[PDB]
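J.: This is what each chain is made of:
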Amino acid sequence: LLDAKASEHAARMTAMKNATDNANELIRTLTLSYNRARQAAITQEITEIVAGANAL
Amino acid sequence: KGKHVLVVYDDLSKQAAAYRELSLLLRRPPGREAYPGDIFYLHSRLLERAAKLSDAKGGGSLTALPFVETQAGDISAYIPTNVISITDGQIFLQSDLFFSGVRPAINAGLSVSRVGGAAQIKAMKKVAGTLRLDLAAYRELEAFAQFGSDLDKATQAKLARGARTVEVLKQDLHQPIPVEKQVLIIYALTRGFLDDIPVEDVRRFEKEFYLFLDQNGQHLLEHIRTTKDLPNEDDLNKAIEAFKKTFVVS
Amino acid sequence: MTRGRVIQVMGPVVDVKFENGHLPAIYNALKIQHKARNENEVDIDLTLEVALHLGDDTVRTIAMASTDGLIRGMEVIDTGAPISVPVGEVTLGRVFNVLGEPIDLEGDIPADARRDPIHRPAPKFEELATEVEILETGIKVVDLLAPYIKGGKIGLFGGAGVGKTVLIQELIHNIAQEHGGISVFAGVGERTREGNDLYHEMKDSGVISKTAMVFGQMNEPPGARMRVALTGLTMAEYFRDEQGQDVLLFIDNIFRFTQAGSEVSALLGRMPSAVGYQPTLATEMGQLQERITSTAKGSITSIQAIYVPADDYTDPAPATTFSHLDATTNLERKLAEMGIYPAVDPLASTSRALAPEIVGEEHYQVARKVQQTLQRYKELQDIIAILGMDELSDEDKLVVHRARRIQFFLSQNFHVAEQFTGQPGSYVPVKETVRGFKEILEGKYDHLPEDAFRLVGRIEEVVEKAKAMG
Amino acid sequence: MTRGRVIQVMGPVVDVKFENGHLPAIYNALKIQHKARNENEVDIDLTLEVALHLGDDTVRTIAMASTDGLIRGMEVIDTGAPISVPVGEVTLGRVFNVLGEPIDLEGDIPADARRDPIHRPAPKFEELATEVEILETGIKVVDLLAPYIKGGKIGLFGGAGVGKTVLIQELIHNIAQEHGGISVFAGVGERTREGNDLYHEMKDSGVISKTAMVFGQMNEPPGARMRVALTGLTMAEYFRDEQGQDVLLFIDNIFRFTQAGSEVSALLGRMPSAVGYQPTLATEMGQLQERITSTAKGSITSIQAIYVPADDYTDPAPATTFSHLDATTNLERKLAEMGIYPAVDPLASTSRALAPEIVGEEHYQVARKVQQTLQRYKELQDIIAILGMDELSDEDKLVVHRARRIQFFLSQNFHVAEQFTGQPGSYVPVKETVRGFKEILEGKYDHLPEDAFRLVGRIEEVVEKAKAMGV
Ligand SMILES: Nc1ncnc2c1ncn2[C@@H]1O[C@H](COP(=O)(O)OP(=O)(O)O)[C@@H](O)[C@H]1O
Ligand SMILES: [Mg+2]
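Chains as they are written, first to last, in the entry's author numbering: chain G, 229 to 284; chain C, 252 to 501; chain D, 1 to 470; chain F, 1 to 471.
Calculated from the structure, these hints are not laboratory results.
Be aware that one or more of the hints could be misleading.
[As the list claims (entries may be wrong)] Simulated pairs of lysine to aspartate or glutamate, EDC-like, Cα-Cα distance not exceeding 20 Å:
{"#": "1", "chain 1": "F", "residue 1": "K369", "chain 2": "C", "residue 2": "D452"}
{"#": "2", "chain 1": "C", "residue 1": "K303", "chain 2": "D", "residue 2": "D197"}
{"#": "3", "chain 1": "D", "residue 1": "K164", "chain 2": "D", "residue 2": "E136"}
The task is simple: from the sequences and hints, build the whole structure.
T.: If you want it as structure tokens, here you go:
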């Protein structure tokens, strides 16, 4: 029983570490898309403002 | 003239696009997403003309069901937000719910009716008052119960009840059913009489219940359709028990 | 002589040409009253507000109604003053439009009644009050966790189902009963059926006898949607200035006020702002809000329901609006379902008046302890969830036991809704609220059932209700 | 007779001034034919199409060829009618340009043949037909989850380099060989190499004896790309109406039509739309799409390829086209990279013919179950990525196990892909597809490795591949 408890704790620790690594990778892959979308939004907004100004 | 009218607009997004094109061709200054300003005024003027006239005006009524089509399930877009800010509610449909076997894929969490309660009969109100709480609890628990392994007794009971309710709420295309039979079926669901029925057997249970009511218990349907209220609880309970006894559980 | 001609009609914007040396001033009102000359023309009775001086003796105006049927060359008369609305006791119990014309079925206002201009500069620095004062509302939740500053602006958040109309009616009733002041409602650009329902509810409850209402619902043009709030503000300003009493001003939705100006800006001919709004958004909002201030005599305090589209708090209109608020009240559908009326959220609501040097050290300590206990209970509900099924220390049980009592005691019975439930309702002073919550925290009543704390009012009402229950 | 004069030249847009009271109507064709007066001029043979009336006897036109060499003051002739295209039995087996001049070097069209105007109104409401019937294609995923319709509109959406051309070629190879009617191919804005290869393919296969082609490829100026689709459509309409035949219409990248429209729109003097497109994007596309309909006299079934710019499915040009189609297949780069061919989305693709009373109760049930299990697998993706398979419940393991095999079995080997891989290809009947997917759903093949389902075809080929691998 004692050996089983020790093994359970070690396995949970390893699983949590792997989960943290996967979460960090997902975070960076999402930040790339966030930057792309931010650039696209800024471009669209400035284009709309300039077009509205030129319309007059 | 004192009559009741129902109006359905197939797509207000097409109207918005056409109005934007016309305004741009007339060389009016564009605004957000090239949509001209007063794009909200257009839809407000259109939709605000539907009303329930008072008794002095003849008592007529016009109800409208505008449609708005979204891109990739984005409900926070310009036209969807403008239309949502005008109407008295919204019925939201989702692709994930559509393909998960749930038709007509009503999203209960994101749907709301600002006239609810007053727009229901007494029986339907007193039967379906708790259904929103039931679905809220089911969704909240199911959001994590597939891995949480909490397995508390109350959580298990709530999950089973919510799954049975979700199975009940499904429907087939071009298959309308009377309001009295709806009242009876949600009554049976909420009272817990079908809590032992398997989920896969729930739909066949509902079909057999409608067939059984078509033969016996017809006076309950007549009473509901004549008085807009539930019949005596004991008679309805014993009829439900009789149908449950004669039902073959698979 | 002093007449003009229509030269351009482009939706809500109409251009009028006057003779040299007779131009109308900005914000003046112009009337078009044309009779059908034949069967190819229609009758028109339209009002225009002067906006710009375009030069060459021409003036650009915005219409207060529909411009369908206008013909280039119609005659325009100048009223010589901005739009004027009647003020006084005659406005109480009536319903008006943006032009000050009654829209109910009762008689018209006599032509000799006093009328005041809509546009007015805000009171200057030397006239305002030199200290913060607290408006006693009589509602326990508001008076404890989010005091209403007298003369300040309060933001109200909440959708359908919650008791927003009930809260409004109760506030009007309590203020008129205790502080002796009237209330004013301004329906700026919202649902007509909702406005009608509110009117009928007020008429049934009897609160209508001490209020005036102006409706500019979303079926009206932006010209009226811009000015309805200002008409209501002038109606309240009369009572603030002459009668010298504290009054209430309710605005149905302050976002539509900016939206209408944004709609008309493009046709007026101004360059677009950041998100398509008008470049004058901040100054327009300031000129509207800064007239709602407390002075030496009387004051105006405003409850403004605010709608944030798509919950985007970075939008320029909510961003500008939030810079004027002093308090905040959030209505919770969860509390409404649990039955804890007024369903005011005890944690989401905030107020800058909750300071030790304003409400008092005892009040501040009681409020802070209540907030801490409620936060702990909210955390412990999650801890009860996700495993840990009622396996917690003794202090967790104690704080949950206290928190349920506090949450149920936050509920209160109202003077309104006594026609639905035979309970007469109560008005609970802030000292009594503080004392009762202090006693509950101290455990003086920790042995009582939690059901006895619901809809009681004062602290004793709990003990008599429990004794009656047995 | 009345003549005009060139006023302005700005790229593919030309201004022409006419005598008072003799302005040409909109959509008319104008001809410029100039002979070099001296050594500092070039010969010109160009045609124009009227677009706008600018006032003061001025007309703004669109050129169908390069405008290099035009000089302010050249003489313009008005033909008095829109672009006229030869049509009839002559067009079969020939290749034309946008103007209707053969480019196959196989002779010249007689000068007295019937020619139809390129612009005409759409068919009326009461002239339409609404019969629904399944068009069998031999592709497993198309036949299962999104059946095609005879006489309907079919769209194939996709990004750059995903397989739209391959799917078009496979559909041609599967349908056009045995259709027995008349086929029309319009390659608007596509590769001249692809056009030449496809022409040689029909010449080899003998199908060319019953088809007509108009290319107007991507190297052309926007004027030709804006009208080659109508040039093909008028021949298709003639064959539908006069002879009452059944017509196959293939269009490659109908998005190029709207792209050329947007390119021209800026110079015509219109306010830009949301993302730079023309304001008239909806109506211009509607006037073209609504003419491709099946009527009482005849039926036209059209398969159109649609390009998605930058893989953005919310772009206005792809977004507006969705309302005109009956069955749509959505190709995905994510599926393409994994190795699934065709890389069609099993959930995004939809068809109006997928009903219990049309395809059959068993077919409908199998399709619904497959979509449900695929949706569940898609939902589990985030948890799989974060925690892994270890945290799934017992039945979720089974859901993933079935879903991976279903997704792999949805792939197929194509006849047209033999020259690049050596796989002979397959043609799977819909009954075999339904039976195989039902067997997979029932758990009959849960023991086989998932790689055995990759590119086989029939369900027995899965067993053969697994046994060859050593199972
Ligand atoms: N069934 C298939 N088997 C193998 N490769 C394929 C298949 N379908 C498409 N491809 C790949 O797609 C590419 C051709 O894409 P193509 O259709 O020209 O892109 P687009 O849709 O932009 O025209 C080829 O390189 C080929 O490798
Ligand atoms: Mg291609």
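J.: Give a verdict on every hint.
T.: The hints, checked one at a time:
For the given pair, F/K369 sits about 17 Å from C/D452 by alpha-carbon distance, which is consistent with the 20 Å threshold. Note on C/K303 and D/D197: the hinted pairing holds, with a Cα-Cα distance of about 12 Å set against a maximum of 20 Å. Under the criterion of a C-alpha separation no larger than 20 Å, the hint pairing D/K164 with D/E136 is consistent with the structure, at around 19 Å.
Consistency note: the structure conflicts with none of the earlier hints.
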